[PDB]
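All protein chains but one are shown at their positions in the complex.
A, B and C label the chains in the order they appear, each numbered from 1.
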Amino acid sequence: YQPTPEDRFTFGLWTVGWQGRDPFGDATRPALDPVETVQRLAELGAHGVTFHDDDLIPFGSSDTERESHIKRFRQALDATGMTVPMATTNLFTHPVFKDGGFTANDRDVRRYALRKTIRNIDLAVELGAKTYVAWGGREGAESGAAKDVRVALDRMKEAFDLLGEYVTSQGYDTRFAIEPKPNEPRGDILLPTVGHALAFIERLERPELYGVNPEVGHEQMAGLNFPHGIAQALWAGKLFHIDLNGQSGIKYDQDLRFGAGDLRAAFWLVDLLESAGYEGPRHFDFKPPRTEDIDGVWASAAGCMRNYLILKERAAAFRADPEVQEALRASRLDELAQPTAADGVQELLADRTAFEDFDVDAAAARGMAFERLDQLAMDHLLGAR
Amino acid sequence: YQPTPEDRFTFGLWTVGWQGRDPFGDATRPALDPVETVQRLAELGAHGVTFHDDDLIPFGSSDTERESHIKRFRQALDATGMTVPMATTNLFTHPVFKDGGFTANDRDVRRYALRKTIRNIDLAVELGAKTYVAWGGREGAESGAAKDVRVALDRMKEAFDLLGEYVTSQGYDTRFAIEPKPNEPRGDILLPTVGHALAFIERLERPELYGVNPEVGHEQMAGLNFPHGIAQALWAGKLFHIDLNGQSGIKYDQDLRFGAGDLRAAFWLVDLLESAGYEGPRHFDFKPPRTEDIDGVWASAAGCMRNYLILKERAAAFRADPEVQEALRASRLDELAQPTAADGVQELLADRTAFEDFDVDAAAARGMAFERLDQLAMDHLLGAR
Amino acid sequence: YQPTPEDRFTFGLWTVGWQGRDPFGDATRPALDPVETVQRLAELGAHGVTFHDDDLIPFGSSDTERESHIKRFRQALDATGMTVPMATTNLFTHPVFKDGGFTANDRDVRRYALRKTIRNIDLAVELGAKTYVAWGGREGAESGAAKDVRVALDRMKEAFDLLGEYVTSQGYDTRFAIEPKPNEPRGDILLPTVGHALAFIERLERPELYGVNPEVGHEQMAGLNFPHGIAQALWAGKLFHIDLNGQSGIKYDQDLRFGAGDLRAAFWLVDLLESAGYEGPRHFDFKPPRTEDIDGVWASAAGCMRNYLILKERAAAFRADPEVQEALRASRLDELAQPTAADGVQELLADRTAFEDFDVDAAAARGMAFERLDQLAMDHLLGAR
Partner (left out) sequence: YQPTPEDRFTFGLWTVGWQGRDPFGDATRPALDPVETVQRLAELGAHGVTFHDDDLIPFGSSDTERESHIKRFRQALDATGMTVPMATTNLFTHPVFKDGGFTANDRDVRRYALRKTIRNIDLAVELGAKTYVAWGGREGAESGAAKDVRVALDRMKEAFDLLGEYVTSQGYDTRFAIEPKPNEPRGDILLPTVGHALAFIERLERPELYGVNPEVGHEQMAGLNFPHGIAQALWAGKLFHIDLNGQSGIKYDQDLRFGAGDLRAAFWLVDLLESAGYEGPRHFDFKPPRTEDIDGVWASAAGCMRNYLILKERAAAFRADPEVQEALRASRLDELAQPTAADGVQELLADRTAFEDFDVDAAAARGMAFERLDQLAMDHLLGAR
């Protein structure tokens, strides 16, 4: 279960780099230099790194000091072979984005938001990123009249159509992935789930430029089944990126290392990613618990990739097992793939077997055998098979 | 706060008609005849009624006894002036729909599902319904391998495209509203929120025939802000119907009378429905708590409409108040309506005031005054103003 | 991983005998004869069965029909060597209970409830039950003024006090175990968590005759840590019995088979009970899904036992592992067991190294080494180690 760069595992600079501050405490670890992070990650067997502009270049740096940062970073990438698949904007930390970035009530703060973003898009594309994520963590409200949602969305649609026009005019090959989240730090964040984000993308001027970047713990802060949501992102053809971590319940977002939190949901997400051939980076946006020192950080981080590869093995052994292939026919998972009525309406209506002569009760009593199948999955996760 | 038929309040036959059975208990009230329900509701001041085929016509009734039911019902409507704005199918109760209706693994049960639905669509349109709701309460799973979600959705899309073709061929003016729900009775239901349902409708053959039918308690079983979701259904132009009730938390769906459960969320939903000019029925899909006898039922039911009209008054007094109109300018809710960059990209990029010369910190310190505004809403809800 | 009576695995008649009617669903299974259930669970390796009074004797039986159901049950237990370690009363199915048993507002319903419980305490004793469970499913409320809850804690205590007087006047060697649950079938239930039941006991006249019977799913309904809840109850000496099952987070109570739901909490639970030296029943309170026929009912009751036995084996190996031992030392679980200040408050107060010359910066710099310890735990659970 040794990670190699062929596995496409990537991490955020801010993940291993998180210093330990939370609503009730101060930093527990030092600030990590992005060069030591690149180097360490490459020795852990990771494939790449990602970044918010303010992880790389500390807010309000001039162009000198901006260059000095990018250059020492670009040397650490060249030397390691590490790649930067995705980058993003910090439109949440500075006191100025307290009521948002793209949907801030103040018109000045909103146009700025966008200048800060376009500036970083040019660094991302230079460094090789093919996805540009946008997590609108400040777009929402703690009270009902503070934000009119129909207009704030007109604004959000305008801010994305503005970005879609600029990439189109510059000829970049970059695509945007919108990252939904139900709450935290705002009381309610706009586009709270993968569903909302999928529907919102269909109202942007050029929908094809836009997908989602789901995050495990996010959808589970809404008590939702993450593999189910990802299957709908896949069905739409909109899983551009995926953020992986752990969450132990409906509570504040924990950002545990992946495989921690809900373990059976972690197994079905690996199973689905792998059975549907997801190509993108397996990115860990997670937070080494502030109880740890730096050794615990790279450890927590190695554990993210270990559990991915272990669950990957158990999901392939499950799908491969003849007895489970048989168990799927027993539960009629082959009949689900069958068209309900390729032939059509006229045919269905006419069919007496489908209503008039249909023995409902015989059919009611055909057991689904779902439990035999789920214990086979349980033994395969546990390696009792 | 006297309900009149001009207020468009409507109820389900199964709401006041619910006998009191739950996962741990038996019926506490008798079965209510749909004629006594029509009559009683009209005397309460309601505008109309709705129905699942099996509320009206008891499952497997022949055509004689089917006619006998519809006719005595149609006489109670004629005599009262009561209207039937919406109807639907019970694709959840009978033991045969234990693994779904439209996405049942068994192909036979699926085509049947549809015959049962098309049959009822013809009764609905005859009776004057303009919306046909579909609540797929059995479409989901309690375990990961029991349902492949990408295929079950291909099936769900096919089942809806099949219905969209039949209305198109018969020339009916009926539209479909899809009702999302996170869970219960299935462990995870497909299309768990308004967001998911909006995005799914964009992949049906004729999207224009389809909207949502949100339900208050549903989105709050996902810990989500219901007014926020409804604003996105409105923005899309997809709020075809709305189901109103109460929910006191993330737990089993309670179906409390409306205004019960989350009261501040009830005030912002009325405020939004009214400020955006929703035309549809104000439908109460709720359940008189089984502690009640029949007097408690019509009482609980009258309380649904009372709280709608009381909250309606407080929302109009809030929007009307000069001091609150002033409070909205103070929080810059007028600037949210303003285009971010009608002029465009070139202009924004060039603008030094929007990035290069922008004083972030002055702007950071412009307080939002959100709290003064939310206490003004609080005094208006409470009638301290 | 095949069970035998040595494992003390038990199952209520109500669990495999669930007919599958839920809020929106008719029963999908035929009732099971009790005598068939003790046979089939004996053949799968069970220790014995438990029951509610109205599980074994139909409500209303008459008092020769009762005689008969008891003789048949007795003979089947004697035939298989199946025990009856626990029994309980049903104070939630019949409508006389719609407002509660011990705390209904109607006095005469609290008298019919108290007398009904004493009838089954006598029978339970004759059959060999040494624990009597009390789950007040209907005690609680939907609205605020409906229940004065300080006077309801008065009526709860009165009942449990008279029940204690009753069994001590009889010389009955039996103890009570109160089962908490936060909600369902009531909006909120009285004594909603483990901590709430434990606190109530201390105010009873004979605190020693009472303990707690916690369920996995009930504490998970409130997002609590079920292993921690079990540890506080063993710390208090009050874990008299337990109900094992699974639950996928905060929603309706599903009662999935033990092992399903939060699989790592089931790992951590079995590590606790086996380490604890808990020697009461491993009782399963689960429902086979209504998707399942009677074969699938037996694949799910066997799944319960199998999951617990894999889990015991994985937890046993985790704790025996040299690696894990060194990591526990590294995370100072041994320092946690040394007293903070056995040297009294006076030498603590004069210990200048406890404050004045405590170095908080060398103490704050130390990593806890919990991510590495938890990854060794994940490795054992997945059979990677």
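Assume a contact is a pair of C-beta atoms (placed from the backbone, for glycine too) under 8 Å apart; a residue touches a chain by one contact, two chains touch by 3 or more.
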Of the listed residues A:61, A:143 or A:325, which contacts the missing chain in the full complex? A:143
Per the definition of touch given earlier, which of C:95, C:128 or C:383 contacts the omitted chain? C:95
Contact residues on subunit A toward the hidden chain run 20-28, 92-95, 98-99, 137, 142-143, 146, 182-185, 187-188, 221, 248-254, 256, 260, 289-291
Subunit C, residues in touch with the chain not shown (by the definition above): 94-96, 98-99, 102-112, 114-116, 118-119, 141-155, 158-159, 162, 165-166, 169, 182-183, 188, 190-200, 202-203, 221-225, 227-229, 231-232, 234-236, 250, 264, 267-268, 271, 276, 324, 328, 331-333, 335-341, 344-345, 348-349, 351, 353-355, 358, 360, 363-366, 368, 370-371, 373-374, 377
Sites on subunit B contacted by the missing partner chain, in the whole complex: 1, 28, 220, 223, 225, 249-251, 257, 259-260, 262-264, 288-289, 291-296, 299-300, 303, 306-307, 310-311, 314, 364-372, 374-375, 378-379, 381-384
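Simple rule for what comes next: only the chains that are shown with their structure count from here on.
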Whole-Å gap between the CA centroids of subunit B and subunit C: 38
Quick check: what residues of subunit C touch more than one other chain, meaning two or more? 28, 248, 250-251, 260, 289, 291
